[PDB]
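Before anything else, here's the structure in question.
All protein chains but one are shown in place.
Note that the chains are named A and B in the order they appear, and that numbering of residues resets to 1 at the start of each chain.
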Amino acid sequence: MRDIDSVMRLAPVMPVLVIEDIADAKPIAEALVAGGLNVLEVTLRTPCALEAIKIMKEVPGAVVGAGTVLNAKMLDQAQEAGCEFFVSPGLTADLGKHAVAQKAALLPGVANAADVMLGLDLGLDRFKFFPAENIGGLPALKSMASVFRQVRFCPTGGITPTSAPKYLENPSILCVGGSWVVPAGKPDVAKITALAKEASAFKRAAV
Amino acid sequence: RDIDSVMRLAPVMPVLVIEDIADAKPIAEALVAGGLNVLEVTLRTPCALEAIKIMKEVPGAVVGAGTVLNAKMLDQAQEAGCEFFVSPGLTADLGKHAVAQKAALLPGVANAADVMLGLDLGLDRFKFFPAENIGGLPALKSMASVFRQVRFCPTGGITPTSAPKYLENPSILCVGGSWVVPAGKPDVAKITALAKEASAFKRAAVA
Partner (left out) sequence: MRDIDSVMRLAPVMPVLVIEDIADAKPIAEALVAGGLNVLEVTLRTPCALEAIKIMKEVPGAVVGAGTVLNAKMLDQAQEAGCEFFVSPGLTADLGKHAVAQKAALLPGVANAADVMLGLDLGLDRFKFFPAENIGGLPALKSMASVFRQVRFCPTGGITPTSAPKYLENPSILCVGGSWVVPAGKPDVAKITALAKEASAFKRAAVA
């Protein structure tokens, strides 16, 4: 299936989903897909997360992945649930070696040059710049992209509707991760779809 | 004792710098009398190993070593009787040595790759260090939101008025602090008064 570069190009914004109630999963996936945000990152931060992946996987148009993958075992459990891609807050050689060996579409987080160097040693060149606003923001990413010209990025962490277009004007950025499209209360599918359509319209220099 | 239990004993772990060996016993006595029985003695001073042996004989003191940079320093602190060990950062070498030695290590972390390295080694308790140069409480709040099973001790720039704000987060078990021992000759009544105030800090993690 798709490699992580192809996943990143599909939509300007990758929603970062924290499912506290399993009944929220289907309405959230349907509303995001209705708004054109087809790429869904379900963080493995809650007990029902893997079940939420199995529910969202059956929504037509949804490209479901697992976030907060911390090790090869969690990548395996998420892949067995049907995840098409995997995101991690940071990178280890054991996690990256396992993803390459399994041909899993992994998007590891990086915060500094040594993280990126470990990723390049493993054959990876696509990373989440995370957590963006705690590690110097767009100016820090602009410098890191200047050092690693063959790498492309997905900043995540404190991104907003106001700052997302600024990141997306950089050619080295393919998309951003975002939490604002689904507010942490009970889902409102109309509001979620309207935020998704608004984010769907964001300009991308790289696409 | 394991590091999670050590962190839960008191809201503040004093970070002690003993330059005058004569100060060690009165300081540890005053801190214990004030309810701060967990003592981190930095190894940087020449008399630090001798100070650890004196503090270990104070009843109720739980004495550990700070600024542990490598396996050799850990072995020296363990030979001196330290019950726990604190490092500014984490290496695979120091971590595998602490696990093999059954040493209660509390390694510093600054980013997700540091945490994931520790989790791969079996560690899940970390010092968030240097806290005020890596984004403070807002950055720690995000990191704790990602690593739901990890618990932290922020250290580096913590003050008596900022410490309660960190302690409102249940992922924070305690803070490290330098203010409980004022510079100059020890005033045992003043140290015990500051210690009693710190021992009364409320924390969401421990009733």
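Here, a residue touches a chain if its C-beta (ideal position, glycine included) is under 8 Å from a C-beta of that chain, and two chains touch if they have at least 3 such contacts.
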Using the document's definition of touch, tell me which of B:33, B:69, B:119 or B:193 contacts the absent chain.
B:69
Touch with the omitted chain, as defined above, among B:13, B:32 or B:110
B:110
Only one of B:90, B:104 or B:195 touches the unshown chain, namely B:90
For the chain not shown, which residue from B:1, B:44 or B:148 touches it across the whole complex?
B:44
Subunit B residues touching the omitted chain (full complex):
44, 67, 69-70, 87-94, 108-111, 114, 117, 129-130, 133-134, 156
Residue-wise, where is subunit A in contact with the chain that is not depicted?
112-118, 120-121, 135-136, 139-140, 143-144, 146-149
